[PDB]
Every structure is written in structure tokens, then in C-alpha cells.
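Q: Here is what each chain is made of, one letter per residue.
There are 2 protein chains.
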Amino acid sequence: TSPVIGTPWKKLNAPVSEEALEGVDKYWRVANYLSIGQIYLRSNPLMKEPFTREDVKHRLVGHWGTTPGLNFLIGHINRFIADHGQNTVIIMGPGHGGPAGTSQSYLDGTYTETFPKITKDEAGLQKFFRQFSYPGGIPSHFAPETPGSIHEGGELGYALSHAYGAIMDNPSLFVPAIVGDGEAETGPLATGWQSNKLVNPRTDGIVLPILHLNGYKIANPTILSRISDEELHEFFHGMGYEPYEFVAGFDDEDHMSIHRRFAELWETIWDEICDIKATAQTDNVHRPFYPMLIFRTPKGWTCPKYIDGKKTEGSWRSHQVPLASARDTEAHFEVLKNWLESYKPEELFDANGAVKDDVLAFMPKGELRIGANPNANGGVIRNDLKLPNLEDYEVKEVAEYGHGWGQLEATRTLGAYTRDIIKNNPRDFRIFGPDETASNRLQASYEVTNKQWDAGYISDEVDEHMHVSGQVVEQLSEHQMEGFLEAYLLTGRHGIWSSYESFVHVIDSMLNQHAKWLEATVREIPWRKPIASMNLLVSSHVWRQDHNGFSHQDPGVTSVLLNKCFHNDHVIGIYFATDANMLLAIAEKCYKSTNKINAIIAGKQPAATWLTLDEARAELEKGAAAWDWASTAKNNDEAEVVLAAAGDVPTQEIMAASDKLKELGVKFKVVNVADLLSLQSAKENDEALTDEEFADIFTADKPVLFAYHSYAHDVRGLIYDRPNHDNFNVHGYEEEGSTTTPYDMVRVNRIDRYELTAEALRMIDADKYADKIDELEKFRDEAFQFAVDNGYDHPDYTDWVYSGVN
Amino acid sequence: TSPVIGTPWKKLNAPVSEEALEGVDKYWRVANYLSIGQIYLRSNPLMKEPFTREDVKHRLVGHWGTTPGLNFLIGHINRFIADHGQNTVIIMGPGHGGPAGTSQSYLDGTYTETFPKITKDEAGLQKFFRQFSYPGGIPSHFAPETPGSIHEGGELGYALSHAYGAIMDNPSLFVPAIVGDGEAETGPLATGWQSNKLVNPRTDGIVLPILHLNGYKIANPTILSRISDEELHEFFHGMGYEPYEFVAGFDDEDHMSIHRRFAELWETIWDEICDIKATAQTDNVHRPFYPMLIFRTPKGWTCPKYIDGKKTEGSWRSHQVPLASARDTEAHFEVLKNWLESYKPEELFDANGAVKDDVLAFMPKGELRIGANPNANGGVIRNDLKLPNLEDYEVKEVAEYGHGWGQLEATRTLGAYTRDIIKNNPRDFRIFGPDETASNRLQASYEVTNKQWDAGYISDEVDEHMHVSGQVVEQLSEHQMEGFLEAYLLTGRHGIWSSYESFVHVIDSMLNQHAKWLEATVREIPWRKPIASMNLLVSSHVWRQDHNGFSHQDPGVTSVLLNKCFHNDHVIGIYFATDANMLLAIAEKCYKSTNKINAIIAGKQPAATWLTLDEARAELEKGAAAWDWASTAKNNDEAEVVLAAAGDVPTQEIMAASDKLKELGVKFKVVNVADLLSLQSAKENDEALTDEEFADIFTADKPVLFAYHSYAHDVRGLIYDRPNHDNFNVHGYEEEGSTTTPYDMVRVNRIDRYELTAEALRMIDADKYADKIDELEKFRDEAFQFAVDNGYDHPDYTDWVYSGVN
Ligand SMILES: Cc1ncc(C[n+]2csc(CCOP(=O)(O)OP(=O)(O)O)c2C)c(N)n1
Ligand SMILES: Cc1ncc(C[n+]2csc(CCOP(=O)(O)OP(=O)(O)O)c2C)c(N)n1
Ligand SMILES: [Mg+2]
Ligand SMILES: [Mg+2]
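Each protein sequence line maps, in turn, to chains A and B. Following UniProt numbering, the numbering of the first sequence begins with 2 at its first residue and continues without gaps. Following UniProt numbering, the numbering of the second sequence begins with 2 at its first residue and continues without gaps.
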């Protein structure tokens with residue numbers, strides 16, 4: 002559960018003290034000095050003479066155009082957290098301002114705790130300076146290695162979705178979400194503005210969006226900064242916000258005059274937020290206007306105004322590095338030396354090199370710190386889900402009526418299971434879906450919870466299962482759902498989210514980024530505890546898009562997921578639910594797991610059930626298993642072909658083809674691969690099937706016919722070094738489809754039962770079976786003409802039931 | 002060039018006639034009847050008795066929740082185009098309202114022209130009804146097979162970007178962009194609202210956004226419909242629009258009263274647009290507020306109000322199909338019969354079954370029609386680029402100083418070439434980039450054009466190369482850039498767009514969709530003429546992300562591009578520019594091509610040049626070629642290894658390793674693969690290298706060491722059936738990186754020169770070369786410790802120049 006920390010939502014009821022703002026100004030100066038020492042210096046952190054070009058880095062990498070503004074905001078937020086005792090997580094949208102975050106971690110004392118070799122003295126300062134963006138050092142962005150970070154910020158557009166996710170079901174947590182003005186042009190964040198219509202001020206926390214409007218992107222100005230102030234305020238008010246505006250640094254006003262002004266504006270905003278929270282305890286049915294801060298400052302605000310006669314401060318020329326070579330001229334080194342001395346570090350550091358005590362007296366202590374806040378490290382919060390007994394949801398008719406029974410929909414079983422998980426776990430488990438929960442048949446959870454909706458209600462003929470609080474969030478944006486769930490998991494909670502297969506590509510970037518958060522975490526960051534897994538139910542898949550057609554058919558999610566399987570990280574799982582029982586086993590395993598991205602590919606269509614629960618779990622631990630009840634060959638020597646399958650429709654076609662093969666006396670084996678990554682190379686993947694086990698499943702000399710859900714490229718690229726891999730003949734999706742009957746969909750991809758039987762016959766003896774092969778091939782065309790003439794699939798195809806049903 | 006059609010931007014200066022609105026109402030009724038006959042009927046289109054359940058489709062697929070609103074808007078737009086003679090292309094954002102578009106194509110006469118077997122009589126109406134969403138029929142969405150369509154609309158969020166792209170450099174074209182209210186929640190379209198700050202009213206056309214606010218998504222209401230009207234107008238005004246609002250169908254007002262009211266509102270909006278256009282001829286430096294229409298209607302507006310006691314009209318229950326089974330009960334069939342008779346088709350069709358003449362008298366004729374407009378079929382507009390002589394831009398120093406000369410940046414050559422293409426082709430070629438044109442070194446085009454920017458200007462110390470008109474558009478959104486370019490090509494123009502490699506994933510969906518527009522076009526749609534290719538310069542690639550690090554390294558674009566290579570469509574090209582000359586040849590070939598997606602992967606870093614222009618073109622036509630100047634073995638028999646490469650950094654490492662191999666007497670071959678898809682299976686890909694050519698390039702028995710830009714999975718999945726494929730040892734990206742020196746980046750991926758030399762030595766004789774292998778392995782660690790100690794890469798690595806430089 003999310004803990005209550007400090008004294009939440011308290012008003013100051015006093016002026017901001019002068020001593021605190023003294024401390025805030027000194028903090029800002031020292032944070033800018035650290036952020037510059039990191040970029041430029043490799044030695045001599047405190048500029049003991051001789052300070053020469055020997056002390057400067059050979060290759061200057063990093064960013065400065067956002068760092069002083071971030072340091073300003075972070076120092077003021079630190080004063081605020083010390084004063085109010087607020088439970089606060091900062092989300093840094095422009096993550097390229099990494100030196101700001103590392104300077105915070107260093108100054109609040111958490112960096113030395115996490116990394117003991119970076120001491121708080123001259124040698125520790127030298128190591129801290131050298132390690133930024135260095136061989137064998139720390140990254141340039143706001144990284145998982147950086148304490149106090151739940152968001153990398155490298156790939157832009159997801160500060161707001163992550164903020165609204167982090168506050169969900171989390172009522173005491175305050176999140177200032179700093180948003181770059183260039184990042185605000187990206188598609189994800191524009192729609193992430195509208196997510197205050199999906200949170201409740203009573204049951205969820207408060208997100209304060211700080212638009213960091215410094216006017217410029219890389220080498221280009223931002224649209225928001227160059228439209229009129231009337232337009233900007235009108236725009237933010239049309240999205241349910243009260244815009245506040247702060248402008249600074251565009252004239253010669255004294256720094257204290259700026260710190261004081263920001264203190265009054267900040268306390269005004271805090272009082273509006275506290276009023277909203279206090280009102281929500283009585284009335285939470287009508288939405289408030291949350292304050293949001295527009296923070297207009299010059300880009301690179303403390304750097305030299307002009308360098309080489311080019312406007313540097315207040316321009317895009319300060320984005321990455323002013324003084325691109327302070328190492329190769331004497332004039333640029335003098336500019337750099339003057340820039341470092343303009344902060345007066347001589348008074349901010351003591352003799353031994355530690356930041357002076359009066360510079361950090363205004364700082365929060367203990368669990369209130371940014372790097373120490375448990376919501377930033379959501380693995381220490383996390384507790385296991387309390388799971389219902391799986392046998393309660395098993396489809397038992399397979400156990401007595403025989404394999405292949407029924408016309409059930411696989412995802413309804415997961416719906417019931419997830420409903421009871423929600424029942425056992427309220428306020429820790431949440432279901433997201435881009436308008437598609439009821440189309441993936443996960444609506445059984447409406448028996449115990451509602452869709453959280455905080456826009457207007459109009460009627461009850463149209464607004465069923467909607468409520469101002471709920472455990473089902475549903476907005477038509479995959480970016481929103483994925484950012485919500487990722488921030489939900491990163492804070493310590495659990496969740497599933499469902500989607501159409503073809504639109505998972507919309508978040509290929511986001512998944513990639515999350516994998517990079519996991520790949521980095523499992524490799525080099527032990528102090529970050531495991532978080533829950535990102536569970537993605539992929540349904541309404543390529544083979545059954547009757548209503549939509551070719552635009553909704555693209556199973557390429559498997560390929561993008563296969564690219565993140567390296568160095569024994571195991572941060573990826575791709576599971577194929579052949580039926581409801583296998584889906585139960587997969588979902589149980591996935592809900593128990595940690596630090597992974599689990600894509601469970603299950604169909605919503607009426608499909609037969611093949612396994613019992615014990616059989617499903619037994620197939621699960623191996624990933625691939627032989628179906629002894631479907632095989633006609635007792636041992637590996639007898640079979641004239643191995644028929645392997647991965648996916649519900651490929652499984653159905655393999656089984657129907659096996660029925661026809663039985664009538665011709667063909668001895669074959671039947672294999673089902675539930676988990677794709679078990680087929681990976683044994684030396685590469687230590688949790689994949691060993692080579693002996695793989696050869697036992699697939700006969701070394703005998704041909705293997707493989708029917709696969711996605712593109713066959715993904716199977717062939719995975720088994721390349723496996724034994725008997727030359728004989729594998731993968732049949733997968735082949736970018737051929739439309740709106741048409743279900744048999745046609747598999748016909749045009751050469752994955753129907755007739756084509757599979759003909760493929761197996763050709764693997765054995767093309768000459769002996771020539772007449773039967775011809776008969777099958779002309780039957781495919783007759784059965785297509787049947788669907789054209791009559792509008793539905795052939796009775797031979799529709800009515801087929803497996804021979805193993807009693 | 003974009004043609005001027007009709008009489009653009011003319012005011013009516015008269016009331017809308019009563020006869021025209023009579024026609025508009027009759028059109029709306031007949032369009033609704035056709036849109037229902039398509040979904041529900043397979044026979045008896047005009048309901049001659051006996052009209053029985055025999056006449057209804059077995060499987061009812063399709064959508065209705067948006068179709069009557071679309072028919073309303075389209076009929077009114079048709080009256081408008083007939084009256085004003087406007088050059089108009091409609092972009093249908095909710096593309097699942099396909100029956101509306103097909104009903105338009107049928108009613109304006111273009112459908113019979115394109116498809117002669119769908120006549121305009123009873124049999125033709127029966128075929129038109131049966132073919133919708135049928136085996137062997139037409140798709141459900143607004144498809145390339147549908148005349149008058151440039152946008153599929155299946156995957157949501159790109160109606161607005163496509164509209165603003167279609168009007169760019171196109172001053173007489175009017176685009177009403179119909180936007181679904183659910184689609185408006187998606188991330189892409191939220192930022193596509195802000196694209197009126199990137200178009201000029203003088204040089205570009207006018208986009209009118211029609212928000213089709215029917216209140217509901219699939220099974221969920223929309224955020225925009227449930228916020229206050231004040232908020233909605235404030236929101237649209239903060240984005241530079243004047244909101245107009247129309248509300249209809251929510252009471253018992255007469256249909257004519259609605260058509261009249263809409264006529265008046267539409268002419269008011271048109272007069273504001275015409276005022277904007279006339280003002281722009283004198284003043285185009287200050288941005289106007291373009292009108293946008295908010296079209297509030299009930300979802301499924303003419304369907305039965307209640308079915309099964311559930312609110313159907315004005316609800317989300319009417320999204321796909323009311324009466325999910327009008328075939329399986331008699332009551333539902335009676336509901337359907339009453340629904341069809343409520344339009345009074347008895348007076349809309351004549352005896353022979355044609356739509357009556359007075360129903361379509363108000364319709365536009367000739368080139369003004371939606372299905373006949375040349376901007377919808379942008380292949381008939383298209384003309385070839387006038388290309389500068391390639392030899393003008395060749396890097397000639399390779400020809401005299403020897404291969405491997407220099408430290409040039411490859412993309413600057415493309416910058417100059419593209420600059421001269423822009424010079425020869427203004428107002429037909431355009432450069433897009435998500436804030437990254439100057440970071441990919443394409444800024445040479447600023448010598449002949451400017452960045453188009455129509456927000457505010459503040460200074461000239463920061464606003465260089467910006468102008469209210471230009472051929473370089475640059476917004477920080479990959480969705481925006483890709484939609485702009487796709488609508489630019491679909492209208493008949495040409496373009497390039499550049500991006501970081503890691504963020505191309507942001508548009509994996511969009512590329513997929515465009516490939517589906519091309520796969521469908523090259524297979525079954527001959528009447529659609531070829532459009533220019535989508536040219537994507539992928540730069541700032543994985544191997545040289547010094548400033549950014551792990552968050553900016555993901556070369557997975559190659560994998561998603563490989564999934565669209567089927568059935569000899571050739572709609573995909575993946576090219577690796579090994580140096581500037583190869584880049585010139587690739588870019589020339591790509592600019593000449595049609596109906597393709599060409600990803601050109603080129604580095605912006607200082608890299609050596611290896612080929613002359615003639616050599617580069619000679620490598621180009623084959624895709625892969627042997628470097629005879631780098632090989633030490635004269636024939637295929639002598640070589641003890643083949644070193645193949647694809648990519649500038651892999652090429653550099655192969656060449657440096659070849660230098661070390663030369664010192665040990667190893668006989669080897671050197672191969673460079675410029676085009677990835679030539680390595681594909683010969684039987685699958687008729688334009689790939691034949692099997693004999695492939696075996697000639699790669700020795701059958703000899704091991705092949707392959708250094709590859711992207712993940713090795715993509716190489717292994719492509720050569721699976723090729724000869725000698727067992728001996729291939731692909732070395733690619735392995736998700737291991739950070740901010741560090743360039744040698745470290747290739748060190749941690751086992752793709753550096755030392756590791757490649759050791760790999761080749763192990764392929765030959767591990768025992769004989771054991772000491773040398775050990776020496777190489779410990780040198781890698783020494784050269785990494787050098788970078789850690791000193792901050793830059795080893796002199797042995799940095800200073801290395803190929804031995805072939807004179
Ligand atoms: C989607 C995406 N496209 C491009 C980039 C490359 N990039 C890194 S930083 C940056 C500019 C930062 O813009 P803004 O939000 O205005 O930041 P600030 O002014 O704080 O530097 C860009 C385009 C990215 N990180 N993500
Ligand atoms: C990105 C994306 N996510 C999901 C879908 C699935 N989908 C198809 S139609 C639809 C609802 C249409 O919403 P809206 O724009 O409100 O349309 P309308 O009210 O006109 O039906 C959805 C979610 C999609 N096409 N694209
Ligand atoms: Mg900015
Ligand atoms: Mg809608």
C-alpha cells in the first residue's frame with residue numbers, strides 16, 4: 002500500500018522566512034557550480050591555482066540549456082518540502098538536464114549513501130565531476146542510477162502521464178511535473194494535459210504541472226513561447242487548469258528579488274492546492290481547476306550572455322554546451338573561468354571542500370528527501386498480490402469431455418480471475434485500456450469496481466459502471482495508458498493493461514524505454530528493488546479482425562519485443578495462450594513476476610480448450626511441450642513429421658490438420674510452444690531450453706512444420722543455431738488480409754488446415770501423395786468459393802470438432 | 002505542381018437556395034439507406050416483397066455510430082462544392098465510417114467509373130450492398146480502393162497532420178478535416194491541433210477542422226463531450242481557432258430546419274475563411290484565427306432510439322452494429338425493416354433502381370467531385386524531380402589520395418545535394434524534421450530556403466533562417482513530421498525527412514499504416530497512380546550518441562521495416578550509406594523512386610570515405626559487392642575468411658581489422674552490403690540477389706564474419722535459406738551502451754576491430770593463433786583503461802588511417 006509520509010496538505014500560515022531564501026539562493030549557486038563542474042571539469046574541482054586547461058575535460062558532453070532553471074525549481078521545492086513536510090516526488094520531463102538531478106542527489110546527502118566512494122570533500126567532488134558522461138561513469142540524463150528518479154526523460158512526452166500515474170490511488174503524494182516547452186509539442190504530452198479528467202482529488206494525489214517555458218528547443222524556438230500570453234492562459238484554462246505565471250531573469254532584477262517573488266507565488270499555489278484537497282474530503286463529485294505554473298526563464302540562465310559574438314544565454318545556442326572547446330583556445334578557457342567564478346564558489350565550500358553547513362540548513366531530512374522518498378524507489382513499497390486459488394477458474398469440461406471441447410472465449414477467464422484479484426487487492430491493482438476493456442472481454446471486473454471518470458455525467462442509460470473513483474482507467478490513448486501503468490508500477494503498485502495487437506506499435510518507443518529502465522536496473526543498480534511487471538494483454542489479434550480489416554492487422558509486437566533479449570536480463574516475456582487454462586497459468590506466473598514486460602497474446606474469439614490446468618502449468622515451466630494425446634508416434638523415431646504451434650489459431654489449424662493426417666496413417670508428433678523465448682539459443686539464454694531438451698522435443702532428422710502467430714522472420718531469427726533448424730518450416734503472418742470470413746484470413750496466409758496438411762505431405766513424399774495434395778489444393782479454392790457464394794465459412798471448416806471430444 | 006481548380010475562395014453573396022437544401026435532405030436520406038444496405042443486406046436492395054430474413058447478411062460487420070453524421074457533413078460539403086466551385090479534399094478522421102465514403106463515391110458517379118461492374122441500377126445496387134466487408138469484397142474502412150480517399154483512418158490520430166500536409170504549398174485547396182471526438186483524445190491529434198502555427202494563409206491552403214463530437218467512443222464517452230462548453234471554446238481559442246458550434250438531432254426539430262441552420266452556419270464560416278484568404282494576399286505576416294466547427298450530434302443519429310430496452314441512438318451501443326442479429330430473430334428483423342423504411346426509399350429510387358435525378362441535381366460535376374479530385378489521387382499530379390548532376394557533389398579526394406581518406410561527415414553531402422534539389426524544385430520539395438535538421442547537418446538547404454514559422458518573431462539574434470514561408474518545416478513531434486510528409490506525397494509532391502534513429506520507433510505505427518497503403522496499392526488498385534517515396538534519413542545513430550547515451554540508442558527500426566517485405570511488393574528499402582559517395586548514389590536512387598518507404602541510415606560523424614561515385618553506383622545496383630582493393634585473396638578459394646559489413650561504423654571496424662589481418666598473412670575477402678533486402682531469399686524476393694550471385698559473393702565453405710548496424714536477429718532471420726548461412730557469424734548491436742568514448746561503444750557490443758580480428762582468427766585456427774588472440778583480448782582491456790584514465794580513445798584507435806591512403 003502507498004504510505005502516508007509527513008504531514009500532507011498543510012498550509013504554511015506564515016511568511017516565508019528570509020533565512021530560508023538565503024539558503025535557497027546559496028543552494029542555487031552551488032547547484033549551478035556543480036552542474037558546470039560535471040560538464041567541464043575533470044580535475045581541480047575548487048579551482049585551486051593553478052587552474053589550467055589541464056583541468057578541463059577533453060570531450061565536453063552534456064546539456065546546460067535547462068539545468069539552471071531545473072536547479073532553481075528544485076531548490077525552491079526543497080525549501081517547500083522542508084517547510085511543509087510534504088510527500089513529494091519530482092518528475093523531470095526534460096531528462097537531459099541530468100546534472101541538475103545529480104547535483105540534487107549530491108547536495109541532499111543521498112548520493113553519498115548510495116555511492117560511498119563519492120565522498121563529500123575535495124576528492125569526492127573531483128570524482129563526482131569526472132564521472133559525469135564519462136567512460137566508466139554515470140549517464141548524461143536523469144537515470145535509474147540517479148536517486149530520486151522514476152522517469153528517465155530521454156525520450157520526450159511522458160512526464161505528465163507518469164505524474165498522473167504516480168498519484169493514482171496515492172492520496173498523500175505531491176508531484177511537481179516539470180515539462181519542457183519543446184516537449185510540450187510532442188503528441189503524447191499534448192493529450193497528457195487532459196488527464197486531470199481521470200483522477201479524483203480525494204482518492205488520488207495532486208499533480209502540479211510546471212511548464213518550463215524557456216522558449217527554445219534544440220536550434221529552434223517552441224510554439225508555446227511564441228504565441229500570445231492570452232492564448233496560452235486561455236489554452237491552459239480550457240484544459241481544466243488555473244494558469245499561474247512566473248517570469249524571471251529577463252532583466253537585471255536582483256536574485257533575492259526573484260527568490261522572494263517565487264516564494265510568494267509558490268505559497269499562493271500551495272494554498273489553492275490545499276483548498277482543493279480540503280474541499281475534496283467533503284465534495285469529490287465536481288472537478289476543480291488545478292493550478293499549473295508557467296515558468297518563463299531564459300535558456301541557460303546563468304551562463305555568459307555572449308560568446309563569439311553570438312547570443313548564448315536566452316537562446317538555443319546554450320542547449321548542449323556553450324564553450325564547445327574550452328580546451329582548445331585560451332579565450333574560451335578565460336570565459337569558462339569567469340563563468341565558474343561568477344557563482345563565488347569560494348564562499349560555498351569549506352577548506353576541505355564540503356558544501357558549507359549554512360548552504361544546506363534549509364534542506365529536508367530523512368524520508369522526506371527526493372532521493373530518499375520511497376515512492377521514487379517503488380520496489381521497497383511493493384508487496385505481493387494476494388492471489389485467488391487458480392483451480393477455482395479452471396475450465397473443467399476438458400477434464401471429462403475431452404480435449405478440444407467447447408467454443409469459449411479465452412479472455413473471459415482472465416476477466417474473472419482479474420476481478421477476484423481486484424476484490425482481494427483494492428487500491429493496489431488497476432486495469433488500463435485504450436477504450437478496449439469491454440472489447441477484450443475483461444468486463445467481469447465491473448462486478449467489483451467501476452471505471453474512474455471525472456468529467457461530466459449526463460445520464461444512466463449511457464453511464465453504467467462509471468464512478469469518480471475506480472480501478473479501471475480507460476482513455477483512447479495508448480501513450481496515456483502505458484505511462485499511467487508504468488508510473489503505477491514504478492511507485493509500488495500492480496496492474497494489467499489490454500490492447501488490440503495492431504496498436505501496441507503505438508507504444509514501441511515507450512516499451513523500449515521501459516526495457517531500458519529494466520535492463521539498466523537488473524545489470525548495475527542493486528539498490529533499486531524489483532518493481533512489479535508491466536503486464537500487457539494483447540488481444541483482438543490479427544487472425545480475427547472481422548469488423549476492421551487490414552488496417553487493424555499487424556502482429557509486429559513480437560519483433561520489437563525480441564530485440565530486448567540480451568545478456569541474461571530476462572526483462573521480456575512473450576507468452577501465447579493456446580486456450581483459457583494456459584492463459585490462467587500464464588497470468589498467474591506473470592502476476593507473480595517482477596522487473597519484466599510480459600506480453601500475453603490471447604484471443605477474444607470463441608476457441609476450443611485443449612489443456613487442463615495441471616497440463617498447462619506443466620507446459621509452462623518448460624515453455625514448449627509435446628502433446629502426447631495428439632501424437633500418433635510413440636517415440637521420436639516413428640514420426641514422419643513434427644507439427645509445432647504457438648498461438649490459438651495456429652494451434653487450431655495444427656490440430657485440424659493432424660486429424661486429416663491421422664486418416665492417411667501419417668505418424669507425427671505434436672508440439673506446443675507457450676513461451677517464445679524458450680526457443681532461444683541455449684548459450685545466449687540460460688533460462689531457455691537446453692540443446693538436449695530441444696532435440697528431444699524436435700526430432701533431429703525429421704522435418705518440423707511450425708505454425709506461428711506473428712511473422713515467420715521472428716521464429717527463424719531465434720532458432721538459427723538450434724539443432725534441426727534447417728528442417729523447420731515456419732508458417733506465419735504474411736501481410737495478407739482484409740475484412741472477410743475467418744477461414745479466408747488463414748487461407749490467404751498459407752496457414753489454414755488444408756495448406757498445413759499439404760505442407761506436411763510434401764515434407765514426406767510429394768510423389769506418393771500427389772493426388773491427395775492436389776485434392777487438398779482444389780478443396781481450398783472450393784471452400785473459398787463457398788464463402789463467396791454463401792457469406793460464411795464451409796461446414797467442413799465451421800463444424801469441425803476434434804476427434805478427442807467425448 | 003499543384004493545379005488551380007475551379008474558382009478558389011469565392012463568396013456566395015446570396016442565400017442558400019431552398020431547392021439545394023431539398024436536394025441535400027434527399028441526399029442524406031439516400032446516403033443513410035445505402036450505408037445501411039451495405040452493412041445489413043446481401044440481396045433485394047430495394048426491399049421488393051417478399052423482403053425476408055433471406056435478404057440479410059449472415060455476419061453483420063461494420064460501423065454505424067459515425068456514418069449518418071458523416072453523410073450529413075458530406076452532403077452539405079457537396080452542396081457547397083457545387084455552389085462555390087471549390088477545390089476540396091475531405092479527410093475522414095473516423096475512417097471506420099467507411100459506408101459513408103463508399104456511399105459518396107457511389108452517389109457522385111465516380112464509383113461506377115472506377116468499378117464498371119457496380120452499375121447504377123438494381124443489380125449494381127445489390128452488388129454494392131453485398132461487397133461491403135465481404136469475402137472477395139471491399140474493406141470496412143475508408144480504403145485506398147475507395148475513390149476520394151487519401152487517408153485510411155483505421156489507426157487514429159492523423160487526420161489533422163494529413164490535412165495540414167495536404168494544404169502545404171497548395172494554395173487553392175480547401176480541406177475539411179473531420180475529427181472524431183474519441184480520436185481527439187489520442188496523443189498525435191492533440192499536438193496536430195497546434196499546426197496552424199506552421200502554415201501560411203497566403204502560400205498554403207486552408208484546413209477547416211470539423212470536430213465530430215457525437216459524445217462516445219467504443220463503449221465509453223469522450224472527454225471533450227463531457228467538459229463544459231465554456232471549457233471547450235476556451236480550449237479551441239487558446240490554440241488559434243475561432244470555435245463555431247452546431248447542435249442537432251437532440252430534439253424533435255424538423256430535418257429541413259436542421260439543413261437550413263447548417264447552411265447558414267456553413268456560409269458564415271466560409272465567409273470568415275474567404276476574408277482570411279483575401280487578407281493574406283496583402284498581409285501574411287500576422288496569423289489569423291481560423292474557424293473550426295464543433296459538430297455536436299447523437300451517435301447513430303437516424304437509427305432506432307431503443308433496442309432491447311437499451312438506449313441505442315445517442316449512445317455507444319450504436320458504434321458498430323445495432324441489431325447484431327437481424328438474422329436470428331423475427332423481432333430484430335422487424336426493427337431493421339422499420340429502420341430501412343424510415344428513409345422512404347420508395348421515392349429516392351426509380352423503377353430500374355437508380356437514384357432519382359432530382360436527388361443528385363445539386364451535386365458537383367467533373368473534376369470538382371470528391372472522387373475525381375486530382376489531389377485525392379496524387380499520382381496523376383506527380384512529376385519527376387529535376388535533379389542536379391550527381392558528379393558535382395562527389396567526394397573526389399578518394400579518387401586520387403586513395404580509399405579510406407578523410408574525416409568528412411556523410412550527411413553534409415546530402416545536405417548540399419538536397420539544397421540544389423530545392424533550388425531546382427521550389428514549391429514541390431520540402432524538408433521535415435522533428436527539431437533535428439541542423440543536428441543531422443542538413444542545414445546547407447538554408448542557403449536557398451527558410452524554416453516556415455508562423456508563430457511570433459522576437460529577435461534576429463535567435464530567429465535566423467525563419468520565415469513565414471519556407472521549404473523546411475520543423476516541429477518537435479515525429480507524428481507531425483511523418484503525417485505532414487505522407488500527406489505531402491499523397492498529394493503529388495516530394496520530400497525528405499530526417500530523424501534520430503532511436504525515435505523513429507515513435508512512428509512505427511504510422512510507417513506500418515503507410516506500408517499498408519502501399520501494399521494495398523501495388524497489389525489490387527491499378528487506377529491509383531504511383532506517388533513519390535517516403536524518404537527517411539535516419540541519422541545520429543546508435544554508435545555515436547556521445548551526448549545522450551543509452552536512452553537514445555535503439556536501432557530497432559530495421560526490424561519493423563523488415564516485417565513489410567512480402568509478395569514482391571518492394572514497398573520497403575533499407576540502405577546503409579557506408580560513406581558520402583554511397584549516400585549520394587542511394588539518395589539519387591531514392592529520389593527517383595515511387596511507391597516506397599526508403600530508410601537511408603547514414604552517420605553524421607566524421608568518417609572516412611571508401612568509394613568513388615562509379616564504384617558506389619556499381620555496388621548499388623547489386624546491393625552487395627566485393628571490395629577487390631581490400632581483399633588479399635584473388636579468388637574465392639584462397640580466402641580463409643569473408644569479412645562482410647553493412648554500415649559506416651561496421652565498415653570502419655571491418656577495414657581496421659583487415660589491416661591487422663594483413664600483417665598476419667591471413668587471406669580474406671571483403672564484402673559490403675549497401676541494401677539489406679538484397680540478402681533476402683531469392684524465391685521470396687525476385688529483386689534480391691540470386692543464389693549463384695550470393696554464393697559467388699560469399700564462399701560456400703569459408704566462414705563469413707558479418708558486422709551489422711542493427712540487432713543481429715534481423716540479419717539471421719533474413720539469410721536462413723541462403724547457402725553458407727550456417728557459417729555466417731553476425732555481430733550487431735547488443736543493447737549495451739552509455740555515454741562514453743566512441744571506442745567504448747563498439748567495445749561493449751563485441752564489434753570493435755580487436756574483437757573482430759579475434760573472431761576471424763578463431764574462425765580459422767583457435768590453437769595456432771592462441772597467443773595472438775590472447776594479446777588482442779588483453780589489448781582491448783588496456784585500451785579501455787586508457788580511455789578511463791585519460792578521457793579519450795587510444796592513439797592506436799583514434800589515429801588509425803587505412804594503409805590505402807596516399
Ligand atoms: C521524442 C523525442 N524527439 C526528439 C528528442 C531529442 N531531444 C532531446 S532534448 C531535445 C530538446 C528539448 O526540448 P525542451 O523540452 O524545450 O527542452 P529544454 O528547453 O529544457 O532544453 C530534443 C528534441 C527526444 N528526446 N525525444
Ligand atoms: C490508436 C487507436 N486506438 C484504438 C483504435 C480502435 N478504434 C477504432 S474506432 C474507435 C472509436 C472511434 O472513436 P471516435 O473518434 O469517437 O469515433 P466515433 O464517435 O465517430 O465512432 C476505436 C477506439 C484505433 N482505431 N486507433
Ligand atoms: Mg525549452
Ligand atoms: Mg465519438
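Warning: the hint list may mix true and false statements.
When chains are identical, the list treats them as one kind, so a pair holds in a single copy or across two.
Said to hold, decoys possible - When the alpha-carbon atoms are kept at most 20 Å apart in a straight line, the in silico SDA-like pairs for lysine to any residue are as follows: (1) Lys635 / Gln606; (2) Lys311 / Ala439; (3) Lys312 / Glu465; (4) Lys605 / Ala220; (5) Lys635 / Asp276; (6) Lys357 / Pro289; (7) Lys198 / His234; (8) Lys684 / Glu737; (9) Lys128 / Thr595; (10) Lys278 / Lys345; (11) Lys198 / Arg227; (12) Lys128 / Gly354; (13) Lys590 / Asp570; (14) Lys128 / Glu50; (15) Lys312 / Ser460; (16) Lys198 / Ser229; (17) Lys684 / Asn750; (18) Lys345 / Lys590; (19) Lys11 / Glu55; (20) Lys345 / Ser18; (21) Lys128 / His468; (22) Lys635 / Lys661; (23) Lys118 / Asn339.
Simulated from the structure, these hints should not be mistaken for laboratory data.
Q: Run through the hints listed earlier and report the numbers of any the structure violates, in increasing order.
A: 1, 5, 6, 9, 10, 18, 19, 20, 21, 23
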